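**Student:** Each chain is listed here by its residues.
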Amino acid sequence: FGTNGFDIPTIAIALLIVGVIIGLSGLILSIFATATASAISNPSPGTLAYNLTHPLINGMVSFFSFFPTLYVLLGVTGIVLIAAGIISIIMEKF
Amino acid sequence: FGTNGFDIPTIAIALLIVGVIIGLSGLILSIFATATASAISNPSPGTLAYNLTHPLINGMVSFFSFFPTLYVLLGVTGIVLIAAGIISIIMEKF
Amino acid sequence: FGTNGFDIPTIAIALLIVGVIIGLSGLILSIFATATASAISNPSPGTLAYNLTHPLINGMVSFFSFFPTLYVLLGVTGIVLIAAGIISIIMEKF
Amino acid sequence: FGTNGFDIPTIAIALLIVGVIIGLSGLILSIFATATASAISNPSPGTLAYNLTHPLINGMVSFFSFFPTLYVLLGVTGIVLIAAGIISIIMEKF
Amino acid sequence: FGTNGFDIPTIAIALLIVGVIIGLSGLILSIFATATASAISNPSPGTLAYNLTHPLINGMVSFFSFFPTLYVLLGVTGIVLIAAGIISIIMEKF
Amino acid sequence: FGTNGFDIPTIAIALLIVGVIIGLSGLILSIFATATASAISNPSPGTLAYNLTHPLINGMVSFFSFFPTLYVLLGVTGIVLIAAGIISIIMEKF
Amino acid sequence: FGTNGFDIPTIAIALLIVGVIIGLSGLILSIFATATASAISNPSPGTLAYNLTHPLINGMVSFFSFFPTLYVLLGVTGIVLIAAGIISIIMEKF
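Residue numbers (the UniProt record's numbering), protein chains in the order written: chain Z, 62 to 155; chain L, 62 to 155; chain P, 62 to 155; chain E, 62 to 155; chain F, 62 to 155; chain R, 62 to 155; chain G, 62 to 155.
No lab work stands behind these hints, which were simulated from the structure alone. Ideal Cβ placement from N, Cα and C applies to all residues, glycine included. Hints should not be assumed to be uniformly reliable.
SDA-like cross-link-like pairs, simulated, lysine to any residue; straight-line CA separation at most 20 angstroms [stated by the list, open to error]:
| hint | chain 1 | residue 1 | chain 2 | residue 2 |
| --- | --- | --- | --- | --- |
| 1 | Z | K154 | F | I150 |
| 2 | R | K154 | F | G80 |
| 3 | L | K154 | E | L76 |
| 4 | E | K154 | F | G80 |
| 5 | G | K154 | P | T71 |
| 6 | Z | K154 | P | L134 |
| 7 | Z | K154 | E | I89 |
| 8 | Z | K154 | L | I151 |
| 9 | G | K154 | P | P70 |
Reference listing, derived: stretches of chain Z covered by chain L, where coverage requires no fewer than 3 residues with Cβ under 8 angstroms from a Cβ of chain L [to be verified]:
| hint | segment |
| --- | --- |
| 10 | 85–93 |
| 11 | 115–125 |
If we strip away everything but chain Z, and leave its shape as in the complex, we get:
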């Protein structure tokens, strides 16, 4: 059901695969982040361990704050692909 490489069943299967992969990733990352939160403690505001540990958790927070826009762009890519397929169909179907 297509012309050269655009197949609606294949597209649906690919959407299924990407959805389930993203679900697994979210699940695993959340489960791991819970354990990470449990393991690290807060020693004190101003002793040696605080100076040693604070920037690490700051980097954690920053990278995880970068995740959302990555996911948004990844979602945007699919609309581009489907639109390209539609244009390719229209170009030489007539």
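Please arrange chains L, P, E, F, R and G on chain Z, whose structure you already have, making use of the hints.
**Tutor:** Below, chains L, P, E, F, R and G alone, put in the same frame as chain Z:
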């Protein structure tokens, strides 16, 4: 029942296949999302685990919000295909 | 009973085939949709599972709303084919 | 049924083809415009996203406002063609 | 249905293609601009980040303000093409 | 849909490409400028580090102030291109 | 009584086999579940054994709740098979 590559039975079979595939995908994704919702908890509004986990669920929500328009475009593609078939029939049947 | 490729018995057989195929497709899709409806539940209006699952069912509804016009166009194609056959007969029968 | 290249059956077939093509185009464009309207939101009158997005929808509106006169001219072309055929017939039929 | 290179069906198909392409472009640009607006924040009116970032968003706004007239001219081009076709038909049809 | 090298679909695609590229550039530059602002501190008004660092940030500010007019000229170029295309069409279409 | 591999007696025998197998499975699973229920006790709501044992019975309940839809899909498969047989008969019997 056609001219070159347009076959009404083949089109009907393809519609059947895409419908059942989309049904399976929705079923599986919903069943998995229920388990994902059950697994992750809400620790607290302001502790370490919240900072570690919130953007992940935000990305989840965003991508899943992108799904509907993908499905709509995928549906639109079929009308284009059938119309192209009709035009191809009319062009050289006469 | 024809001239080159237009055969009334063949056309009748093709109509039989397309009718039975469409009947099977409707039957199978309805039976599957019942199971799909039974499987998915409605967790709550505003918790995590709702955000995770709502757009999926929205895409389901949209695609299935696209089905009717696909069927209508598929039906229209046959009238075009039969008319083309009539014209081809008239052109060189005289 | 003609003299050199003017054939009334051919003209009727061409009218059929152009009519069905224009119908398909209107159908597809309307269906797509509905999805486009659904996808884009209105963030606020005066924030960054408004400044970023408003001229795009303005260009959309302008081009789609240009469509009608294009269709009108396209319709006018056929009368010219048929009249040219009539004149060509009259010129050397006598 | 034409004389040398002017074909009404071809013109209709070209109009379809340009319309759908412009629709896709508007959709994609709007979706991306939403994410762009979400990503960038407003640090403060007078600190280093403001001086570093303000002219960039100014350039964004300016270019996107240039888009509308580009679209208008692009729309105008088609009327010229169709009129040229009409004149070419009239010139040697008689 | 054109004469020699002017193609309305190609122009629309080029506009899409330039728009998305400019959006990416703005996004990346803003995200990087935030990190740059965070990294550099303000030691004191009159010590060695101030003398060592102030002209660098001055050069930063100046170049980024030059960006807007670059973007404006880049936008202006497209109107010239489209107008040249219109003139080229009109010249030998008649 | 068939064409290539579709045999009505064979289909009836297969239906018999699947029915009796499903009956045996239900019987055995129910008989075993009774013994399982009898063996495990409920120590107390909050002591060590409760924490040690509760999630196990939760997993039991969940998997056994998944069984029904598995059976429903297994039932649906047969209608597909019989319909495929009917179509295969009709295709080349005429």
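**Student:** Where does the structure disagree with the numbered hints, that is, which hint numbers, in rising order?
**Tutor:** When the structure is compared with the hints, numbers 1, 2, 4 turn out to be violated.
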